[PDB]
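Only one chain is shown below, in structure tokens, and it's the form deposited in one PDB entry.
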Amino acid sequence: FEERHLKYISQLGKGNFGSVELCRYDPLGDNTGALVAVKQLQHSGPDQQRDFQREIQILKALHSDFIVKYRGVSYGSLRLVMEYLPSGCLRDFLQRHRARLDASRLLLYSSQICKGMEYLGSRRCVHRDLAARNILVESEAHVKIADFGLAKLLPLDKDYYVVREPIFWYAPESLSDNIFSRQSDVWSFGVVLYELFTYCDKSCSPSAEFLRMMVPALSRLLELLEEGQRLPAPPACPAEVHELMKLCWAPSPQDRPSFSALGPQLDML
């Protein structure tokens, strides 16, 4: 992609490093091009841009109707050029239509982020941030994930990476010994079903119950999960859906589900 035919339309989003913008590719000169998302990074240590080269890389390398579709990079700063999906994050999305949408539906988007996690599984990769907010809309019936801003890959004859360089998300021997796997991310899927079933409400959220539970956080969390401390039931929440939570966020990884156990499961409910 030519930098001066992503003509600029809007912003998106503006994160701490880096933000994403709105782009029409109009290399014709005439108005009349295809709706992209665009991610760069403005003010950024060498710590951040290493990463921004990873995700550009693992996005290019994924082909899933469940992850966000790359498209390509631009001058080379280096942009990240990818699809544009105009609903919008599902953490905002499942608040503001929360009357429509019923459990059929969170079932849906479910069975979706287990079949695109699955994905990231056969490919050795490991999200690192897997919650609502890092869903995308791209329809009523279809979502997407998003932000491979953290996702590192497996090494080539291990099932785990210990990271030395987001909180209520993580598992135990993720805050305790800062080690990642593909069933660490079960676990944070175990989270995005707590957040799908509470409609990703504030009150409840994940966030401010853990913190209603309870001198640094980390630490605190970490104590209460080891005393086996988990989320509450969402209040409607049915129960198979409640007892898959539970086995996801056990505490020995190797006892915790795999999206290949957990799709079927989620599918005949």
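In this text, the rigid core denotes the largest set of C-alpha atoms whose superposition between the two forms falls within 1.5 Å. Positions refer to the first chain, counted from 1. First, how it differs from the form deposited in another entry.
- The rigid-core alignment places the CA of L41 2 Å or more apart between these two forms.
- Taking the rigid core as fixed, one finds a CA shift for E227 smaller than 2 Å between these two forms.
- Once both forms are fitted on their core, a CA shift of 2 Å or more is seen for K14 between these two forms.
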Second form
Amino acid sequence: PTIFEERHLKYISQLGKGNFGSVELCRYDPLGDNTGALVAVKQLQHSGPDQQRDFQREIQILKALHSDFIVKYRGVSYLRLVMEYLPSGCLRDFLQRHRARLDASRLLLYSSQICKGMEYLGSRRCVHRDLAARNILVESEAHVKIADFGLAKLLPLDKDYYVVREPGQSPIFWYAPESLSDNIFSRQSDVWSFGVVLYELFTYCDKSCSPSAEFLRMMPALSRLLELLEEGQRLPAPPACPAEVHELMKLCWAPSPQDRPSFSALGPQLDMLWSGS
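What I would like now is the form deposited in another entry, since the data block earlier showed the form deposited in one PDB entry; can you produce it?
No partner chains or extra molecules come along with it, only the chain itself.
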């Protein structure tokens, strides 16, 4: 349906948790005979005013998004947000687990699919604010989708960026410098993060050459990272990374947001790369 009744939603396990929310594996089972379809259900664990307003906005945002490369809204229950369920789980773990099967073509196919999802999102004036391979889902061997719009913001019609009051709670290594220094988030800070997803993809999310493992190697942690970045230090090309892919990462990592490519510019290049590979 679009409206699911709580009494029919049957708990199975936890898929994730963060902020003050959780996503659960449930079966929607109105017959009560275990033949119902599976769904992923988000709820809040905080009955406070601004977190509920946030959760409500999240629901409206995901409701109004329609992409093959964005996780599907199914409905709500009255409080809870119901979505399609992707058993394969997150791309980060998938990459670590299937490393030896997936060649550069596939890595490029995923890159392209994510870019496309983000181009669309940006066309809806939506900043995701937490793009990272741990937040991307595997629909199938050759199909991924973006997930967790828990921190996503809509840009007002008159402003192409958004300032946030409180500090971030996400791993610092995916943040654009202007986010680090000023809490400024834009579609162009999404592009920065996307560059770190490309890195993640072409390292297959290996922990030993992770963004974190690499910063700590390159020597308050947040301040230090900002300095590194301002001096022009950048993550080095993943092992056996095609150079053209590394170059795209470096463009995504341009100091100033206005000098980063758009998602609509990036996509054609990834497709050309995919086809040539």
